[PDB]
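Only one chain is included here, represented as structure tokens and corresponding to the form solved without this ligand.
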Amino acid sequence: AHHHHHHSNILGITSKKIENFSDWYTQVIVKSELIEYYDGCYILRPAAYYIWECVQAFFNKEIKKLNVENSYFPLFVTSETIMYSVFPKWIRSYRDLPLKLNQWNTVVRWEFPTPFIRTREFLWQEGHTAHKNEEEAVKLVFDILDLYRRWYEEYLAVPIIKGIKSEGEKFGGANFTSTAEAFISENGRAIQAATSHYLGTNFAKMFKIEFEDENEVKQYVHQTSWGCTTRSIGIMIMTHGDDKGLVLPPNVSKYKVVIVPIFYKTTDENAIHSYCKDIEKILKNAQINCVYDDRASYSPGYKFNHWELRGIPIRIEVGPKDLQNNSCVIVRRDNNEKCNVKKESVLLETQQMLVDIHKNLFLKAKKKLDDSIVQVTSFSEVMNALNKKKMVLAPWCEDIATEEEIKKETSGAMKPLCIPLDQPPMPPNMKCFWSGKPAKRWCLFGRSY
């Protein structure tokens, strides 16, 4: 009957994030128990699906405050839902507006493949609304965009940049496409995090989606659509993961704490086991889910690595030194800092530490994001920035023809990510870094996914 003292190198992460990012990622997603391959479609195991559940609960609650109703439309065409053609059957009068719908979807197809990120398999939501006028639709587009900011920032501890897509990168049926953009600094790649579209009257004209207004004048509806996918999980993994494995923001971890007993003598086993159970009770009585790993066949050291790999935010260790001192050792996953905590203070310190882990994960990620943006004047400064795994903020004329030319001259190509909502001042005579006719606004450009 075998005792396992040492977690073998091969069962941990054998590639370093910075040195071999793609293999590092592959290893983390399987070894942390997020996903499992069947044969390259993958199963979302509970640790991944739990993250989706948490963001789904938050988003549902928030969209319901905006009177959005969930629904389910099963017919799709190549991916988009057959829906707008039905809207004339439901809308006659301003009293029928706004129409506000959302659905939670699941799709799998043959892969073409980085799980969560470049995949034909995902869970998502998409919302669709129709309003009596432009201002109400555009307000809603930006309200939803801020909810995406919160999904990322409050749940995944991922900072995003809000912006408007360039004409070449926006959805063809949209008047404008707003976006949340994320950036993975370790490989220099931007990735679109969520989208929120003002569709104007385009589909109303196609399907005769018209209503009688309050003045008895016929008008087109103004539409919106918006979506966010399990790509969000990938972004989170890539943002916080380290060389020991997965790191989970506490808000999307099922177990907040793992309790590990330390003892080598049978005379100590009962007191250790009992104290560990006291701590498990204290936390669970307080609605803090946790796991007490009391397996006899694995050493404490093995268990440390086992649960770090799984991304548990806090580990509490209990050894004989701790019984003697009425304490325990609390270890944070994010930065591996340890402290001794009195038994009576474990609840409060754990609560405070879960909040601080989230803050630290976010603030460190935001620093990396901010440090990844180089503001440039000229195309000659661009390649050095790209090669430093950066994206660039450049004054740009926003001429659609230039997007394919920028791509072509700089997969190694950089593309317009978004024109950020937050604009630095534009100096009086600033020229486009490409054109160079007068520059309109600053645009972010980068290599992408």
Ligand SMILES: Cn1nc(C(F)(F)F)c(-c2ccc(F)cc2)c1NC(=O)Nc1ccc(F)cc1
The other form holds:
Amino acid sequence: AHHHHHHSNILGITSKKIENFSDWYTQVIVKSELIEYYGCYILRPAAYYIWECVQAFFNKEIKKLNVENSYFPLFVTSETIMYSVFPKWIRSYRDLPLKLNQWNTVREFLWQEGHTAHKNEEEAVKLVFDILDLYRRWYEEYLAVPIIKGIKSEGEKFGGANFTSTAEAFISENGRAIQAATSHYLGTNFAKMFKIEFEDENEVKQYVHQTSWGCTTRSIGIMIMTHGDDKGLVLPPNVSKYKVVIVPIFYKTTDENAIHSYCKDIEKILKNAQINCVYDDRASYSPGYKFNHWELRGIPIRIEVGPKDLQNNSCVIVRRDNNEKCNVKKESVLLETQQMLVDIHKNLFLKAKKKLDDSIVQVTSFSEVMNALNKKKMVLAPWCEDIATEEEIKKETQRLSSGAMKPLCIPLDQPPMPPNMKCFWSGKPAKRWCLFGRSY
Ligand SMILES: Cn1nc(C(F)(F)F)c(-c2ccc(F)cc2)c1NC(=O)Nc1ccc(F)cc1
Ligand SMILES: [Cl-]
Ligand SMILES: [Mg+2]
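Could you switch over to the form deposited with this ligand bound, since the one displayed so far is the form solved without this ligand?
Shown next: the complete complex, the earlier chain at its head.
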């Protein structure tokens, strides 16, 4: 029977995140046991657990908004056959609002999409932004990922939408923006197509006002790209099944019982407090092997117990995000573990938010744009918002370079627009600031 002292190089991540991002990413998602390639792939329990966590959150919150889950099995190329059925369900204002959500399966295999119909515009638009903030919370509170809320340009919004609001994320390592979630105000467009009308409170016939919104497992990919490091997966505590791994350290059989017993004590303390954890008591693997093994898998906290800790009635607690270590007295393990899990999430989010902030360069002229893109940034630019310019900006940025930059979103949070500020592209008067970047 073989003892494994050293976790071999090949079993760890062999590509650095900064030097080979694409290979780094595929190594992390497979070697961390998130997915298994069969170009389709399987969501193993560690991946599905993340989805199930954000699913539970989102379900709870949309039910407070009276959204009802449902399942519509018929799709067309991808969109759900649905709106043509709405006239069968809506005749008067008493039938409104209609609020539906579906959890679907099908490069991303799972997603959520919601659809609503309202008696007026203001209700529909309120819901669009309520859902958009729920997506902010999905990303921030669970995935520790910062996003930017905004409105898509006319050229990039959904064709059937009056406007498309979006949550935008940014992958700093390769300078790529990514649409993180979307929430559309569809106006009366589909109501006119399918005669989705109702008798209002004044006995006047009206069209319904619709919304739709969705988010996919892309969210998990964004999270991994954000927090992952050269040791592998890094998980916000809220989406890791095990919060803590306990690793026994001993080399003499005379220490085995006391170390094992003490580790079980700590395991009991945590699990009794509803903090799930794993005690890795495998005899065939060294402590050092186990350190690497569980870092690769993204466990937020490691607790080490060796003979020194027995003698000091302590233990060593190591954080996955920054590898900082501290000695903790046994009776303090529960509280310090609770506080550390909170601090790990806060640190993950704040570090990511700083990187997002530093990824945005405010420009006023197109001459500043290429320098920005090559530093893997996106730009915030004053823009006339003329739809014709969108393809012109893309084509030119492609030329001066998949290389092109496109309008990402017009952020809800707008800096002041100086009185005479011109469009960075057309020279025409600028209207608002818009984010532009290379994208997925
Ligand atoms: C397969 N794949 N390949 C890529 C790419 F190669 F393009 F990066 C991406 C991708 C990820 C994030 C992005 F912002 C863009 C693309 C993805 N998707 C992905 O891994 N999803 C996923 C991850 C973990 C999980 F538990 C469930 C689902
Ligand atoms: Cl339809
Ligand atoms: Mg559907």
